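The complex appears here minus one protein chain, its other protein chains still in place.
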Amino acid sequence: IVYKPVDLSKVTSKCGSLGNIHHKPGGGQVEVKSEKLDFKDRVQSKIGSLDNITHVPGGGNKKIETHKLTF
Amino acid sequence: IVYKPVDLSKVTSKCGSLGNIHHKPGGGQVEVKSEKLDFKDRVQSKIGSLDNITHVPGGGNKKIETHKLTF
Amino acid sequence: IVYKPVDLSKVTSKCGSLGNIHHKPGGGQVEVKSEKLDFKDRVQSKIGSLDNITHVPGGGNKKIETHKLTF
Amino acid sequence: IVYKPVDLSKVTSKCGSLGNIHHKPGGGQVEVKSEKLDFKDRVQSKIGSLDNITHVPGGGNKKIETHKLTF
Amino acid sequence: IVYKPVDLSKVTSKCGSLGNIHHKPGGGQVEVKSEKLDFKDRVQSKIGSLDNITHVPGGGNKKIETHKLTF
Partner (left out) sequence: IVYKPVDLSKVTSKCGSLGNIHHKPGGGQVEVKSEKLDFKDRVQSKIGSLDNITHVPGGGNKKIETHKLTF
């Protein structure tokens, strides 16, 4: 008996904001007035941002193998 | 017996905002009044943003193999 | 018996903001007034940010193998 | 002017396994063999239980009122 | 002017397995063989149970009122 299995194999994930080119992405003009306002619960305001954001809870990678010989 | 399987294979995910070109994506002009407002529950206002965002909970990759020889 | 398995195999993840080019991303102009406001619960305001952010709770990588010979 | 509103009102939820009577709920006979099994991913077996279970993510209760007099 | 509204009202939910009587619900006889099985993904086997279970994500209760007098 000869038993010579070969694995020469590749497993990949990419999860991304990637290889991107941003050239001169200039911001605007933003003006906010706000008078006599009442808030009675959770607030998460955001103004004039220009952000780049990535989360990736995923992207996970898994491999399983098994070999048996019985005589 | 001559057991010689070969795996020469690629398994891939790309999950993304990727390979993009953005050239001079200039912002606008934004003006906001707000007077005498009441909010009685959760708020998430957002103004004048110009953002890039990616989430990717997915993109996961899984492989299983099994080899048996019995005599 | 001649048991000579070969693994020459690669398992990879990339979870990221990566390979990116940002050329001259100039900020805008932002103005915010605020008069006589009440907040009665949690707030997280954010103004004029210009951020790069990556979390990556994921990206985890896992491999299992097993070999048996029985006579 | 005589502004005399009356609220004499009840707002209720019951979310439950409740007011129940269980009289002599006797268990059975359970027998399990298990030989030479393989599991390659998550397992949650359960045997011979006789349980009482309640979750209740709900049942939440909300009231809003408002009174104005303007002259 | 004599503004005298009366609310004398009940708003209720019951969401349940409730007010039940269970008298002598005796279990049976259960026997399970299992030989040489393979599982390659998630499993949740369950044997000989005799359970009582309630979920209730709902059952939520909401009330809004508003009163105005203007002169």
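For clarity, chains are labelled A, B, C, D and E in written order, and residue numbers in each chain start from 1.
Methods note: contacts are C-beta pairs under 8 Å (C-beta built on N, C-alpha and C of every residue); 3 or more make two chains touch, one makes a residue touch a chain.
Contact between subunit D and the unshown chain involves residues 1-71.
Following the convention adopted for this analysis, only the chains that are shown with their structure count from here on.
Averaged Cα coordinates give subunit C a centre that lies 39 Å from the centre of subunit E. Taking each chain's centre as the average of its CA atoms, subunit C and subunit D sit 37 Å apart. In subunit C, the residues that reach two or more other chains under the touch definition are 9, 28, 30, 58.
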